[PDB]
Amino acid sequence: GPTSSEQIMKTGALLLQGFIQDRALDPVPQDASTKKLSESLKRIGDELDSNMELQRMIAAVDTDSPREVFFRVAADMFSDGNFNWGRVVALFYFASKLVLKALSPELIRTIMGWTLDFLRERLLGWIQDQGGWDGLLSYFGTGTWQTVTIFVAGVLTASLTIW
C-alpha cells in the first residue's frame, strides 16, 4: 500500500526520474495518481522556472562539488526538524537543476541517488504519516500553481542564501 516504505521509495524514484526528463534509464510503467503527480510537478517546475529571484540564486552557486552543495541545501531546508510538501518539491526541483548544469551526463543517476538517499534517510517517516504520495496530491489541490510556486520558491531561495 501507499504508506509502505517500499512503495514510497518506488513512486519517489519514478516521480523524480520523470520530472528530470521534463527539465532536460528506462521508464518503468506508472499508475493513475502518479500520472497526476507528474503532471503537477511539471506545472510547478515551469512556474518555478520563471521565478526570477530563484533563478538568479540558482545561478549563484558556483559548484565544483554538486554533492557538497546538494546535501548542504537539502539539510538546510530541513534543519528545523519540520516537514512539509513544499520542501519536498523544492528538493526535487533543485536536483533537476543540478542535472541541467551537468548537461555539459552519468550525473543524472548520481544526483537521483543523492535525492532518494536523502528521501529514505530523512523524509520517509513523515511521508508515511501523510498517507504516502497522495499527501502531495492534496497539497497541489489545496492551492494554485501560482500560489504553491511562491512557497516552493521561497523555501529554496532561503536555503540557497545560507550557502
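Positions refer to the first chain, counted from 1. So that the term is clear: the rigid core is the largest set of C-alpha atoms that superpose within 1.5 Å between two forms. First, how it differs from the form deposited with its partner chain bound.
With the core fitted between these two forms, just one of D46, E68, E39, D117 shows a Cα displacement of at least 2 Å, namely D117. With the core held fixed, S96 shows a CA shift below 2 Å between these two forms.
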Contents of the next structure:
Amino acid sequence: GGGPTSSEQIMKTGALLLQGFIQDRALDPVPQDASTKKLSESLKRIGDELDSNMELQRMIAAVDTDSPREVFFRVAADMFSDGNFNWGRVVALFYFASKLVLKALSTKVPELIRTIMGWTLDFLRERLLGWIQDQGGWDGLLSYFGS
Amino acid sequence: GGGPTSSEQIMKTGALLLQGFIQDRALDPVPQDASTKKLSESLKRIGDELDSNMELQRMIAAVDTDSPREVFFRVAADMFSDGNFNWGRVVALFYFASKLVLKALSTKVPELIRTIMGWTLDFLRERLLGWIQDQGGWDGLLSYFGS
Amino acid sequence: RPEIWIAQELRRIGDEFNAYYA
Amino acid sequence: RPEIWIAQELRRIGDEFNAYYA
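Moving on from the form deposited without its partner chain, kindly provide the form deposited with its partner chain bound as a structure.
What follows is the entire complex, opening with the chain shown before.
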C-alpha cells in the first residue's frame, strides 16, 4: 500500500525501469504502466545518446572481463565516492549496468563454444573415432564432398 | 608426426572444423590451412541448408533449456543408436552442436540480465534509496525529465 | 520429446546426404 | 584502469545531464 516514496515501490519500479533499459540496449518488452512507460522513453533517449559515445564504448570493451561483478561495484562506488547524488548519475549507472550485460555475454559466447565443443569432441573421440579412422581421417570427408 | 588417420590429427582437425562451423552459424574466423578451409566451405553449405529447415529450427527452440549437456548426449546417442555411421550423420551432429551454442546462450542472456540486475538493485537499495526517497521516489525522475 | 524428434531428423538428414554424396 | 576512466566519464555525464535538466 506504499506510495512512490516507499522502499517497496522504489525497488519494484527500479527493477522494471532497469529491466526495460537493459532490453532496450539489446526480447519482449517489459510490461509497464503508463507513468513508468513514460520514464522508460526518456531513458531510451539517454541510452541512445550514450551509445554514440565512442570513447565510452571503447573503454567498456577494454575492461578486463574475468569478474564483471567486481567491475560493477568498483565503478558504482567510484561514481558516488564524492557523496553527491543526482538523477543524471543514477541514470548513467543504469546505462552502465545495461552495457555490462552485453559485455558479460561477450565472455559467455566463447566459453559456451568451448564447453559445447568439449562435449562434441568427447563424443567424437569415444564413439566416432574408430569409424573416422576407417575413412583415413577427415581427408575422407574431403573425398565425400568431391574434393 | 601422425597423418590424417592418427587420433591426434582427427581430434585437432575436428576441433578446427567444429569451431569454424560454430562461428559460421553466428567472431574472427578460425585459422585453417588450405585443405581444412576447403572442408569448412562444404560444411558452410550444409549449415546454410539446415538453417532453412524451419521444422528443425522450431524443434531446437522447443527443447527444454535447463541442461543443454543432457540434450546433447541424448541426441548424439539417439542418432547413432542403430550402430550405423556415415559422414552425413557426423556433419549433422556438428550442425546440431553449433545450434546448441546459440540456444544455450538464449538461456544465458536472461540469466545475465537477472544477475546484473541483482547487483544494480542491491547497490541502489543500500546506497541510493535514501536520496531517491528524498525525491519522492521515481516520480521525482518524471519531474526531472519534465513529465 | 523434441530431443528425440531432433535426433530422428538429424539421422534422416545425414542418411539423405549420404545417399546424394555416395 | 578503464574502470576508473568509465566511473569518471559516467560521473561527468551524469552531472552534465543534471546541469541541463536542472
